[PDB]
Amino acid sequence: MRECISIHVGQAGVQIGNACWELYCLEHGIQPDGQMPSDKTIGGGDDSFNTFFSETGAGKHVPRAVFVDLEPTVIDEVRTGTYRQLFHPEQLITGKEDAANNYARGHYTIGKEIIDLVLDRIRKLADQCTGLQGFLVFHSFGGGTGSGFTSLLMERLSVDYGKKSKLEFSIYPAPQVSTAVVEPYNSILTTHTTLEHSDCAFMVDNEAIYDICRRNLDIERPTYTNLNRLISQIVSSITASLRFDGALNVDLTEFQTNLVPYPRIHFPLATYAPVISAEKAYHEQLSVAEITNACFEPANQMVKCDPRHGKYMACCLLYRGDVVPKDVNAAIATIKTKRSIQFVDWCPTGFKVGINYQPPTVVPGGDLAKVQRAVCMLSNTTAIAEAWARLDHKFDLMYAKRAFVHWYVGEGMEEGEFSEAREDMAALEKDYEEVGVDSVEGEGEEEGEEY
Amino acid sequence: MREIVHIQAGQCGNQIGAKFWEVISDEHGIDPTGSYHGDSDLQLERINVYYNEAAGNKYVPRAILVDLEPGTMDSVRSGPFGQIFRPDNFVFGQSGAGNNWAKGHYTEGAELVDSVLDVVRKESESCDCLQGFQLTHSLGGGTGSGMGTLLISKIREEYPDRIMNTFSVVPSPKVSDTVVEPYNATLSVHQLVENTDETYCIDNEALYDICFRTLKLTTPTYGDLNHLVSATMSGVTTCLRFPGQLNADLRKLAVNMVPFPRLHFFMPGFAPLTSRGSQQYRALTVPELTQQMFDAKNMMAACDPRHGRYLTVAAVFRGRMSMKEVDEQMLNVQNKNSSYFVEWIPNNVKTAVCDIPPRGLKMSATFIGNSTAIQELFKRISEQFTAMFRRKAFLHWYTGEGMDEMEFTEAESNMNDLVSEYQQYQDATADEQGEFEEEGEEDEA
Amino acid sequence: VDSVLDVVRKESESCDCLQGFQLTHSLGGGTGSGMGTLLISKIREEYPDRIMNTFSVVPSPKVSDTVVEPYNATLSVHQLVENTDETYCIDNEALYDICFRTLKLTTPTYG
Ligand SMILES: Nc1nc2c(ncn2[C@@H]2O[C@H](COP(=O)(O)OP(=O)(O)OP(=O)(O)O)[C@@H](O)[C@H]2O)c(=O)[nH]1
Ligand SMILES: Nc1nc2c(ncn2[C@@H]2O[C@H](COP(=O)(O)OP(=O)(O)O)[C@@H](O)[C@H]2O)c(=O)[nH]1
Ligand SMILES: Nc1nc2c(ncn2[C@@H]2O[C@H](COP(=O)(O)OP(=O)(O)O)[C@@H](O)[C@H]2O)c(=O)[nH]1
Ligand SMILES: [Mg+2]
Numbered sequence: 001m002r003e004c005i006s007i008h009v010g011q012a013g014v015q016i017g018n019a020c021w022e023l024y025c026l027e028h029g030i031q032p033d034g035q036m037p038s039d040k041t042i043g044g045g046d047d048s049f050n051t052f053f054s055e056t057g058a059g060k061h062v063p064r065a066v067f068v069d070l071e072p073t074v075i076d077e078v079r080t081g082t083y084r085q086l087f088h089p090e091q092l093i094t095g096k097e098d099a100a101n102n103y104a105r106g107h108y109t110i111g112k113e114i115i116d117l118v119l120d121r122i123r124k125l126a127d128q129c130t131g132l133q134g135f136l137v138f139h140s141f142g143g144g145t146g147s148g149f150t151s152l153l154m155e156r157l158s159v160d161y162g163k164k165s166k167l168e169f170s171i172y173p174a175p176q177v178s179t180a181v182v183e184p185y186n187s188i189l190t191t192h193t194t195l196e197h198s199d200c201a202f203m204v205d206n207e208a209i210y211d212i213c214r215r216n217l218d219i220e221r222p223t224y225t226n227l228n229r230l231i232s233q234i235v236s237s238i239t240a241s242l243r244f245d246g247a248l249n250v251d252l253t254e255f256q257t258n259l260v261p262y263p264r265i266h267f268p269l270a271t272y273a274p275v276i277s278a279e280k281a282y283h284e285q286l287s288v289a290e291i292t293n294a295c296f297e298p299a300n301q302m303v304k305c306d307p308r309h310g311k312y313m314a315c316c317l318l319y320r321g322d323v324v325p326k327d328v329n330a331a332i333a334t335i336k337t338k339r340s341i342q343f344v345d346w347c348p349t350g351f352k353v354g355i356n357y358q359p360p361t362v363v364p365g366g367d368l369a370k371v372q373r374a375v376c377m378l379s380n381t382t383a384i385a386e387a388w389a390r391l392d393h394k395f396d397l398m399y400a401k402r403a404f405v406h407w408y409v410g411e412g413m414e415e416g417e418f419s420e421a422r423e424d425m426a427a428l429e430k431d432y433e434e435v436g437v438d439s440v441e442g443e444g445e446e447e448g449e450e451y
Numbered sequence: 001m002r003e004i005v006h007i008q009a010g011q012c013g014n015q016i017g018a019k020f021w022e023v024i025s026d027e028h029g030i031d032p033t034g035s036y037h038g039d040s041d042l043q044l045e046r047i048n049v050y051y052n053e054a055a056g057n058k059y060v061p062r063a064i065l066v067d068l069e070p071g072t073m074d075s076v077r078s079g080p081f082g083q084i085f086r087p088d089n090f091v092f093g094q095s096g097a098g099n100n101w102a103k104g105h106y107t108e109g110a111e112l113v114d115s116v117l118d119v120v121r122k123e124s125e126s127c128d129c130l131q132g133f134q135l136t137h138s139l140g141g142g143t144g145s146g147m148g149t150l151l152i153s154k155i156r157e158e159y160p161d162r163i164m165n166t167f168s169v170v171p172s173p174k175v176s177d178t179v180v181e182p183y184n185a186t187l188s189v190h191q192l193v194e195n196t197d198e199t200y201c202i203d204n205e206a207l208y209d210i211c212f213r214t215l216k217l218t219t220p221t222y223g224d225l226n227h228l229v230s231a232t233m234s235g236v237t238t239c240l241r242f243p244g245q246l247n248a249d250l251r252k253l254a255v256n257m258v259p260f261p262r263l264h265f266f267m268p269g270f271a272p273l274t275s276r277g278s279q280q281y282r283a284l285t286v287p288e289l290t291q292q293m294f295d296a297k298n299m300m301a302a303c304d305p306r307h308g309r310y311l312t313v314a315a316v317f318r319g320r321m322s323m324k325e326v327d328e329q330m331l332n333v334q335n336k337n338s339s340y341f342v343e344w345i346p347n348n349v350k351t352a353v354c355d356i357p358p359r360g361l362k363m364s365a366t367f368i369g370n371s372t373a374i375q376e377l378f379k380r381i382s383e384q385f386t387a388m389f390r391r392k393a394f395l396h397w398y399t400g401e402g403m404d405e406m407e408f409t410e411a412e413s414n415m416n417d418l419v420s421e422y423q424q425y426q427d428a429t430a431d432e433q434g435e436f437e438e439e440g441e442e443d444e445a
Numbered sequence: 113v114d115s116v117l118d119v120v121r122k123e124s125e126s127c128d129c130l131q132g133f134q135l136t137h138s139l140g141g142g143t144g145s146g147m148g149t150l151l152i153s154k155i156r157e158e159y160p161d162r163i164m165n166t167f168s169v170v171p172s173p174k175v176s177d178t179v180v181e182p183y184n185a186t187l188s189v190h191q192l193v194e195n196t197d198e199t200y201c202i203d204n205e206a207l208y209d210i211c212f213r214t215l216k217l218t219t220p221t222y223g
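Protein chains in written order, with PDB author numbering: chain F, 1 to 451; chain E, 1 to 445; chain G, 113 to 223.
Because the hints were derived from the structure by calculation, they are not lab data.
Be aware that one or more of the hints could be misleading.
[Unchecked claim] When the alpha-carbon atoms are kept at most 27 Å apart in a straight line, the in silico DSSO-like pairs for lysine-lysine are as follows:
| id | chain 1 | residue 1 | chain 2 | residue 2 |
| --- | --- | --- | --- | --- |
| 1 | F | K124 | F | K60 |
| 2 | F | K370 | F | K311 |
| 3 | F | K401 | E | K336 |
| 4 | F | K326 | G | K122 |
| 5 | G | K216 | F | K336 |
| 6 | F | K336 | G | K174 |
| 7 | F | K96 | F | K124 |
| 8 | E | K174 | E | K216 |
| 9 | F | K370 | F | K326 |
| 10 | E | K297 | E | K216 |
| 11 | G | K174 | F | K326 |
| 12 | E | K216 | F | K96 |
| 13 | F | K311 | G | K216 |
[Said to hold, decoys possible] Covered stretches of chain G (chain F as the covering partner; in silico rule of three or more C-beta atoms under 8 Å from a C-beta of chain F):
| id | segment |
| --- | --- |
| 14 | 179-190 |
| 15 | 200-209 |
[Unchecked claim] Quick partial rundown of chain E residues pointing at chain F, CB under 8 Å, derived from the structure:
| id | residue |
| --- | --- |
| 16 | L217 |
| 17 | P220 |
| 18 | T312 |
| 19 | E432 |
Think of the CB as a built atom: it goes at the ideal place given N, C-alpha and C, for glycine as much as any other residue.
Same shape as in the complex, but just chain F:
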């Protein structure tokens, strides 16, 4: 019909997939062991969510999910957790040794020992999609398997299924926060390999989401369970049009056709709103304008570059729940009219708008805001060229001294691989500079009069 398939790649992808797949059950009434607790048509009906689940037995749900890190410790938490009896036991996949925060262990040794077991179970899910759209991968660019397996999966999928939607969903490098000494290398060996494959790739940073939780939600203590249980609502707001009815719904293809002027410029940065504390939600007005204002606010962005350092190319601004097309048109006309909120000179048409009737729904187990309506935004902009410039800075100090490179060598990797990934970053730097320019015409050299 309209089927999607998610792959949860490495520790971050997995930790995220546990948040996501609480909410994908919870939206439909589906219980933590796949059960539909009450069904108006046992063996058909609505059930609009066969796009996210395959049905078995007497109306038990099996999800359309995959879990993989070469660490049992993070997958066994799926097979012994609160939801163990939801998922499929040959869809909680491991390997014999975890990837040490390294690329080459993925791409040329140990990921390369598990890729054909994974691609096979993916083939059995795919054949059971009557209307396969494509697949999403959830990762960190800074991850070990995150870098090393996504790359090797999308080298396989993009010529296994081809014209099918190729998506990524990525934890994207923090400006000042870090986790690992080896993140710049993991990121840049994956962009080299995988930016040739995704049609659109959707971006968030932990340093911004920590900010959202400390400011907007007014949480003193963001655990990763506090963080990821926000992100759930991002893909819940992206995926609504495939899960519920409405007025102006958006397939997984249309983000591509609209967010991407050029097929290297397909990394749009997310934000989602409203986000308030359980004190703030009782004094706010939370109308569509006021959401849409907070959606373009620089502090409020889910990748931590200020969009004002950039210029906007394109954007996608989907609305969910209590929302009205004239009221939305009014907020678009407002952000548009404030030209100070800056687009490129050449932009004829920069927007993609949507209406889905089902509201936002939270989780059990917080002091949380049960709002009536929400927006989910993705920004395409030269502001990502500020954080490319940071990867250009991080890389060159390490790689000149040739720090760490022997750990990648000894697990299957060329030296020319690093070099040719940074070469691609030398291109990307400029691929993003040949856009931020104004459309004015002319060439060569002159020093005299025409008049």
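Take the given structure of chain F and dock chains E and G with the ligands to it, following the hints.
Here is chains E and G with the ligands on its own, set in the frame of chain F:
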């Protein structure tokens, strides 16, 4: 699901093991009977990582115990947790090294090592998901040092890509525990450095200082020290053995900690450390953890890290943290102290955060740091060696065990090269190796 | 589109005097634009003297709902201009303003 093997070599390497194994029996619920009686399903989930499942709720440790004296072996088995060590996992001589590193490496310990390797093979063929080996030892000792190194060099011949972790005591700063320390430590290094992936440089006078300073005890013995250390070897392996917000495999820290192939000698540390009459007062927080672990005088190591720059540092937390605060305290301590850091290795940190704390306590963290300040210890031991060696002091005893004068000269040269390198990593700039040039002419002919 | 043309035919052999064709679609849409101008340009070869008439959502001047609007609209108008008989231009920026001004509807819905 992945499995560790451990080596308890010499007097010290084994005395630390006996208290390490006490700490690691308690963490997995296991009574000194060698059976479980524990307090979580998750202690059993990963009881496999250290232990073999013997029949009828029986566990034995993946420990192999190596010496040329039987003395501490009598004291392990008449000691606490003695009954748990299976008899065939004791493998020892009755003649000793007598402090002579060479009598370990060449004469007696060499006559034992194959019979050891059997016990090592029995263990390694039975854990399919074998990930790495550990050793505890003395560096300045004859036995943990002189035999445990050849054993490591024959472990690395049989298990070529598996992790090798090494938990040294080092020679003593101001006065010696054993006279031949500068030759034992320097002979040892030229076997280690081509056969280990991680080496940890613990200083017993730093543990004696830490005990009078942060724990404020005047009388710390080996049990207080052998517990103070075991939080590092517990710590480093917690994020393998229990779930976390960042789980971490042994390789996951080595591959962050080591930037070049011989640059893998570490300064360990731990928080929090507080006396019994002040645990009521200091705060149980992540800025106290971080600033306790980065206190120059909180290092379990012969060196003041304000003398060097940090190449790399990992930081393993335990207990239930804000991940925001783990990150925000790493961010702060690197903004406050940037000049003690190798500036062409920007962002020098690796975090891991396990959800499961030390016994009956709210929280902790484990530090593994790569300062260049470590060069002060190998400077000492090279200048010391030089003063014994340009005179033939003690050298009759080791040449008496067949070592050629080239063996000590290659060793010293090898150490000297490591030291010369450490200077070349210290305070260095992002330089690109160019030289002075000048202008030509434009008057073409 | 052949499977449709077959149903359009089965409808056309139901009409005693086939008047012609009404369409509702969007020019800023994908399918309404692209698969409708496929259908418009194929009908005309099969139904030469009948009228073929269209009620199009057309791009509006202040805002835009889809980024490829100018491509879709202009690729559309290329076919429509020489295979149709009427083109009723319908615009949501006016529809939203008529609902707000003339009917005093504070919140105009697509309903
Ligand atoms: N948002 C978020 N990021 C996470 C989470 N877990 C870790 N991270 C990030 O993802 C990366 C860490 O993952 P890795 O430890 O490399 O996990 P991996 O991809 O499986 O690599 P190996 O475990 O070595 O296979 C870093 O860039 C982190 O900042 C999580 O649950 N949420
Ligand atoms: N930290 C600590 N150091 C000790 C312990 N027992 C001995 N050592 C130290 O280890 C060194 C002695 O080496 P030893 O292990 O006897 O040499 P070997 O048995 O020949 O390898 C000296 O520095 C002692 O202080 C112990 O259990 N704890
Ligand atoms: N006036 C009107 N326009 C609508 C309605 N729903 C969608 N649209 C518009 O039609 C366009 C959506 O294109 P869509 O129909 O999704 O593309 P298609 O399915 O590929 O033909 C946008 O311009 C929307 O504003 C509606 O009920 N009334
Ligand atoms: Mg992993």
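Hint check results:
no. : hint             : in the structure
1   : F:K124 to F:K60  : holds, 19 Å
2   : F:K370 to F:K311 : violated, 34 Å
3   : F:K401 to E:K336 : holds, 25 Å
4   : F:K326 to G:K122 : violated, 40 Å
5   : G:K216 to F:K336 : holds, 25 Å
6   : F:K336 to G:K174 : holds, 8 Å
7   : F:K96 to F:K124  : holds, 23 Å
8   : E:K174 to E:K216 : holds, 22 Å
9   : F:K370 to F:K326 : holds, 24 Å
10  : E:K297 to E:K216 : holds, 14 Å
11  : G:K174 to F:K326 : holds, 12 Å
12  : E:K216 to F:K96  : violated, 45 Å
13  : F:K311 to G:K216 : violated, 38 Å
14  : 179-190          : holds (count 4)
15  : 200-209          : holds (count 3)
16  : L217             : violated, 34 Å
17  : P220             : violated, 34 Å
18  : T312             : holds, 5 Å
19  : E432             : holds, 7 Å
The structure does not agree with the numbered hints 2, 4, 12, 13, 16, 17 stated previously, though it agrees with the rest.
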